[PDB]
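Note that this complex is displayed minus one protein chain, with the remaining chains in position.
Order of writing sets the labels: A, B, C and D. Residues in every chain begin at 1.
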Amino acid sequence: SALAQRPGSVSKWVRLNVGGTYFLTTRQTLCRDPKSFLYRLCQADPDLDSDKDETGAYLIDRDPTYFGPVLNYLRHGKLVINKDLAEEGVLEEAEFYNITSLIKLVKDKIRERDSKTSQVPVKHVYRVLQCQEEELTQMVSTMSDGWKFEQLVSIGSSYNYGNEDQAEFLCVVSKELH
Amino acid sequence: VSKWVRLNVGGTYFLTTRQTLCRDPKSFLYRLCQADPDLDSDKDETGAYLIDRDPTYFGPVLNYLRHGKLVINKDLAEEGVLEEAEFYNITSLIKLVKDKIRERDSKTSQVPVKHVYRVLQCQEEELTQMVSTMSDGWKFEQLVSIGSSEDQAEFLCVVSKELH
Amino acid sequence: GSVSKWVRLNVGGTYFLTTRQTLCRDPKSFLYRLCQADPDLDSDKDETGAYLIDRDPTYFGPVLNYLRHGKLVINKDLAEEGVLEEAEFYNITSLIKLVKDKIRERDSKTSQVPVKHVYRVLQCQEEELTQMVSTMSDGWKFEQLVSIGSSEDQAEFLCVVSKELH
Amino acid sequence: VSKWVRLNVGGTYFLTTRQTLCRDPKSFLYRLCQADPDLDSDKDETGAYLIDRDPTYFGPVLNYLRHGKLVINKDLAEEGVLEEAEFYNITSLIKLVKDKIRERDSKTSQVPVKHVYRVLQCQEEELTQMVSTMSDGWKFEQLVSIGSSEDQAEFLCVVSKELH
Partner (left out) sequence: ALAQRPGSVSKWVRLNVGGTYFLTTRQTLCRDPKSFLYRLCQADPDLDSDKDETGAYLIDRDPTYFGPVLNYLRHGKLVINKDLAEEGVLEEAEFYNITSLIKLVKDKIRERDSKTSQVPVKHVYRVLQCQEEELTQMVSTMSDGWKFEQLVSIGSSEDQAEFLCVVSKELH
């Protein structure tokens, strides 16, 4: 019944037993955000000397898989998620441990990808080129790079009017905008 | 008399508290929680309880029993979850697990987001203008004459939009 | 009337625990010899008790799952071809069927057949044109439309619309 | 020189039988199948042989030696297999993997699925029919009036078909 704490109670290197798969990290990493459950470890908390085991690991009834990204964040202040981990189980772990900074960023991600699908795609831009027939072949083959043919449409077919008169063709052409 | 319980699930070991293995008291797991003299021999030398089931699927099961949510990693197949939910007898989860299966099954739809349309009208003079100026999201499908000889039309013109 | 219940497998390095009884679902399979406690494999047992098996464990999961619950559970990363080979070596006829249905299921899914279309020509005068196109039922896409004279009564326009047949 | 042999590729143990490692006698591994006096420093406490390489990619290789097939999990990089194949020197497997890599590279590059076209003809009355009764797989492209105000043709109508 605690006479005093245990020889490792302040060690540099701390062993966590996050739900089964043991983790390794330096006590001081845990002192990054001083409102987290884990900040207790950082400060030698004597309430934890019954949730430590045989190896002197700290125990944690939570999911080792999801924990990683968290422990990394504490290590360098960055969000790392492999492409198969499910970000919501990262949220649930961010809350449980209580890392106010992180939780903001996870829920940023969660929107960022519910955004990522949402779009109206490729804001196409259109242009109406006009020419006579005598240069139709020309106008079509000498379009600019990237632009596509959408439609063209006659404007009067069956000889002219007088010693002058309106062009003869339109042509609408498009381009992407990625 | 320990708060903690080790589980040898198919081979790999799992750590968790007596407290988490009784959130649903009809389950198999509940007996462990209850310090049962009928699952004593099903412990190994290091103390764990032995459980002839694949663990890679037993993950999400144990998470639910912790925070009451469903957490499935993109690659893990739901169908393998369900079997473990049903083997362990955790009805509330099974409900959730079959809702995921119906959830993502119905996504085979090649049934697209319905395009709405509009039929614009303008004269020749403001046609180039009309086209280039075109508002946000609207694509161009076709235009047509109404004869280039009382206003009525000079040109008509169709255009589409997505509505997801 | 003995009950030596549990047994450890050293499949390819990574251990496995499963009950004697699980390994007696297909009595024509290699694993049935482990189940009967065969003296001819006492020298394929290491120190820790387990049975040595010179095969890939990443794929031996699905195979052992079938013998627990009689179903085919395959994660999306694991390639089914590897489940087949293991299924053959261990010799689980029932399973070798199931695994070979999966492959033909999927390796004939990647064959992408053109979508069929149904096509109709409507016909609507100028006034009621706008109305026609913007009201269209679900699925029906636009295709073309043509003036029939652009200038008595008749019909003013026609129009082709179309719809997937998935 | 027993029967069973333990490796230790990159710090994650492998188990296999002498017999699997003699398949190719011009590969590094072959020395571990004979019982080499000069690869006995590189044994550890557990008796296993030590190998400074990456055990992710080593699996496939070791598989090929057991049953002569190139099995790969979908996520893993073939380029990493190639490289581990080469190191160990299995000329058979380097060929199989350099097949796999050519087999899927330049995947995203098809010869332009050629198109064949027709030009259907009809009159006022059967118009609706011609379109509504179109052969399997042909697509609509364009239709044309021929002078709308003793019979002749009234409507000409182009149509395509993909040739996969």
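FYI, a contact is a pair of C-beta atoms (placed from the backbone, for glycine too) under 8 Å apart; a residue touches a chain by one contact, two chains touch by 3 or more.
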Touching residue (missing chain; options A:1, A:117, A:118 or A:158): A:158
Of A:29, A:98 or A:101, the one touching the omitted chain in the full complex: A:29
Option from A:9, A:72, A:98 or A:130 whose C-beta touches the chain left out: A:72
In subunit A, positions touching the absent partner: 12-13, 15, 21-26, 29, 68, 71-72, 75-76, 78, 80-84, 122, 136-137, 140-141, 143, 145-146, 148-149, 151-154, 157-158, 176, 178
Touch residues of subunit D, complete complex, unshown partner: 8, 10-11, 41-42, 44-45, 50, 52-54, 56-57, 74-77, 79-80, 83, 87, 109, 112, 114-119, 141-142, 144-147, 156, 158, 160
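The rule we apply is simple: only the chains that are shown with their structure count from here on.
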Distance between chain centroids, defined by C-alpha means - subunit A, subunit D (Å): 29
Computed distance of Cα centres, subunit C from subunit B, in Å: 18
Sites on subunit B at which at least two other chains make contact: 74-75, 142, 144-145
